[PDB]
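Input: one structure, supplied below.
One chain of protein is taken out of this complex; the other chains stay put.
Letters A, B, C, D and E name the chains as they come in the text, with residue numbers starting at 1 for each one.
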Amino acid sequence: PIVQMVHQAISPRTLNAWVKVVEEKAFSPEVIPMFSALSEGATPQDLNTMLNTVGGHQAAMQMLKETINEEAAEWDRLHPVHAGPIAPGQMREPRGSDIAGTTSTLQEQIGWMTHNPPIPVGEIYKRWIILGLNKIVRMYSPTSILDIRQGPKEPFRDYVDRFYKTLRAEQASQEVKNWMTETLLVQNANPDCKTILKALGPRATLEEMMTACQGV
Amino acid sequence: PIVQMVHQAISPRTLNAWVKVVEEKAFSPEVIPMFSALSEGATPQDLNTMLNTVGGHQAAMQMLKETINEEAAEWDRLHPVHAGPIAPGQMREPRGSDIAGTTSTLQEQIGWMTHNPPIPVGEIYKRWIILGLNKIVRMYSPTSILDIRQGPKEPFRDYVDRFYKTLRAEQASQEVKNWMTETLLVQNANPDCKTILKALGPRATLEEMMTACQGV
Amino acid sequence: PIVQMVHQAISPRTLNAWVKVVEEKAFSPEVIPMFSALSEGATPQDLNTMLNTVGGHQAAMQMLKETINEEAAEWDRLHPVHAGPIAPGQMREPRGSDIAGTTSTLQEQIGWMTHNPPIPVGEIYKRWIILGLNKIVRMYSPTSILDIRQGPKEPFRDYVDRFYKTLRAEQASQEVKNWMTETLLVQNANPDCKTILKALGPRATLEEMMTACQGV
Amino acid sequence: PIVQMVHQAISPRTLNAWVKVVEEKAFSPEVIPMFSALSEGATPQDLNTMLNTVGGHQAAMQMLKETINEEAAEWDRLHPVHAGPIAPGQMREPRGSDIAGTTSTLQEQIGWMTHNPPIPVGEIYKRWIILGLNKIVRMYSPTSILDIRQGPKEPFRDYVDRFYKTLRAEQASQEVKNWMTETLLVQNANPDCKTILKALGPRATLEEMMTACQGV
Amino acid sequence: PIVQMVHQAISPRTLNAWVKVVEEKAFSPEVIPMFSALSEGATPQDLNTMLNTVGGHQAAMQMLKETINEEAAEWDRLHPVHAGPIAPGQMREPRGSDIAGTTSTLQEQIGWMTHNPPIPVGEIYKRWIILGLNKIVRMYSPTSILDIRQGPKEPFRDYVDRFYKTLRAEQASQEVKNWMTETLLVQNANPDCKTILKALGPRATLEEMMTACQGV
Partner (left out) sequence: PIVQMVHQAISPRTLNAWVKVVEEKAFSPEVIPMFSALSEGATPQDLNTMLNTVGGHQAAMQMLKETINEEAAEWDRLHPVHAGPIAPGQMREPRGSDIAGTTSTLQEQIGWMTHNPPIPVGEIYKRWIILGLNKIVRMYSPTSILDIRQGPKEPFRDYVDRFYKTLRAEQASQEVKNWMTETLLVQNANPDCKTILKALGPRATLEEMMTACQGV
């Protein structure tokens, strides 16, 4: 990785942490913030190490590769590399494959990340990887938020847990997700608790809603 | 985080510690001092990492988000950002969303935390998060301090353990909590030990009270 | 903590070590030297973190708080804070609550600990905490040193183990404890071994005593 | 290893990580990216330590030695060492055996890796080792990609997992591997899902293919 | 401890290592080299921490205290402290109790250990502690080297293992121990192997002796 800026190899306990999360949690939504945290300051080499050390889930990993390739192609379309001898004082322009670590060396990565102004190829590539992981997570979610409905004897807290767990894995903007919160959560509550929530009125907070249906 | 002041990514063993505490203890009161200790010097990015890596308890986590949003809105009301080009020597004013790490970069956070005088957005955001966790803890407590009563054969030490465990999760100021100590603890003691505590008089220390009812 | 002098957050493995000791050993006497070792160089914030992260034993923890409050009050009586504007070059006088970390910031603590001459508020507060833990340990000891008597078939080494274990938890000065060693250990030995120890004479070392009763 | 450039002995937790991976996973394909990650910045001494600390799999390890010897011989053929006294300011040319760490000292390795321009003998040797590990991995794979066929009731995601797992261990260029993807994956799908994939057309992405056969 | 020379608190994993060794191995001879290794560079405070964190074995620990007190008294007899005001540039002379960490501060220890020429109170105290541990080890050994005799069907390697294990815990100089090796090992061998060892002659090495009795 790179520490604040000096270069350092990815740590054995970072590597083990990532392998373990994937083995135990598959692509549960919290896997993505864990990936991002484990890869703070990471070069594209480090990111590839993390992705390559995953054993199994090879369908997912190959979908990830496809997403990265799509983003790399769009990068090249927006940022064409010009043919010409690079002058002594300078470094070259990164291609999609350079951002993904496939056609760049560590030194070239290091060069872009530390050169002023910074070309932050690790952060750009991590974005692409996260875009791919989001697709995988939505793939691994069996359920739609529209199907999260409160059970007849289900405590409201348990329903809310299921609701927001599902909502986390939905492909939707924050605007769409806000609409799902403000719409579906109350609509799909069970008859007894729903009646109580309506009497609170339409601008009550989640704390107040959860406390309201605690007795029932 | 930031070490005393140089920037450092949140550690794999810090991240694992937090995930584990939440899995094993849910929102027992001691979870909050653990959160605070694990997040010493933390940037808002680090704090969000910690909150985002929690799997399950999604009702709680969404209540936390609501509390943060309320505090962010109050920040903006008190501290309005002015429209204008930021001069070269300066950095901009943080909004609520900048404190919460949602609209700021690590570099902007770092800039505020290290610039003189310091704008300590990590410490401000940690406060908001703790305010949210307090609500969650009180939610997760099933019991009121008013219902902690000594059992007929319960050793006094066991009663005191239950009393202060419950008291820790109460929403009350230190003044209200002092009143609960000075009032309820003796009043809700069992008949035999209560008689003994009254004969000690009204300004005896907890050590003396606990020793007094050791034989009984 | 503070390393020799640069400031550093309390470590995840220090925090975990303390939590684990308390869970597994309660307030066995060796818990106190472990606390002291884990808190080397600690600021009052670090000490409070350690105390606050203990789950359960809330009667003990509240007794600890009482002892700290007593020591804080005595500090204020001996060292009154004077009302007045602190000049630019200086820092203010710590109150009892500043030593306990309740009314001070980390920076103020850091200021006192590093300023020349040093006001070592971490070491002062750790003393108060240890005074409180001693009371707890004596509370958790069921037994008095006067009741440690050698069994009819108990190997002398086993008796000596029980004797010094109990003696460790006694509230007594070193003079009182010396008297208990020189008096009770031989007096409460079993008839056969006691006869043998008297024939050694009255100034023989523990090694010699233990070897003398090895055959018997 | 070497940290960015200061020399450091290979760490106990790096060493243990490597031993453990090999014990648990044998030569599953992900073992190679793990080896590469654990050996970032490694000198030939470190690489030999890692290879020598593997217990069992001695047939594999001896095949690895053969591959290294072949690459060393080709190095010497391309880069002949010249007989002559090395002048004071300079260091000597590495032979195949110097790259493999067998006839060089740590200081000589260090000298080549840090001297300007760098002779990166650790990176060159790691390449040779990886070439050997690839042969071992292909040896340990029982199956050919041509024999990965979807079962009559096998969910498509499970078939894709088996397909890319097998493909990872194949000796084939990226061009050959692309042909296997674009050819075999669809051809060896089961009758029901194959019909559905053809109706998508011939330039649909893996995400779309996997979603298409989710119901079936 | 002190690192080469900057001061550092004793580490949580050092502390845990020591506690664990004692719990699991009691005072097996290898406990002493482990103690010495864990305490490299240790101040008397660190050494006391290690000794104080041992739970149980209180008879042993009290014998250790007696040995330390004896060595402290002999120190004072050889090195009397002179009464007088210590001049500004200087530090004072350590007493026995200062070496044992009982009447000195960390700063005083640090002062002696780092001042030129060094007064190495940590190394001196560690010696005294090891002297005490040796007595404990010999106490915990049930057996004398004179009673280690080869069994009728015991492989010679097993006899030699028992012999040197016992010999390690003996109180004897290297001269006495050499005599026990050169004398007892062959004399206490079983009839068949003893005959074979005599035919080797009297200056054969242990390797040769052990190989000689491998078939028998």
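Just so it is clear, contacts are C-beta pairs under 8 Å (C-beta built on N, C-alpha and C of every residue); 3 or more make two chains touch, one makes a residue touch a chain.
Q: Which candidate, E:30, E:182 or E:192, sits in contact with the chain we can't see?
A: Counting the whole complex, the residue in contact with the absent chain is E:30.
Q: Footprint of the hidden chain on subunit D, which residues?
A: Residues of subunit D in contact with the hidden chain: 6-10, 12-13, 15-16, 48-49, 52-59, 61-63, 66-67, 70, 110, 135, 139.
Q: Over the whole complex, note the residues of subunit E touching the chain we left out.
A: On the subunit E side, contact with the omitted chain comes from 1, 3-4, 11, 13-14, 17, 25, 28-30, 33-34, 36-38, 40-41, 157, 160-165, 167-168, 205-207, 210-211.
Here, only the chains that are shown with their structure count from here on.
Q: I'd like the Å distance between the centres of subunit B and subunit C, where a centre is the mean of that chain's Cα atoms.
A: Centres of subunit B and subunit C (C-alpha means) sit 28 Å apart.
Q: Please list all residues of subunit B that touch 2 or more other chains.
A: 13
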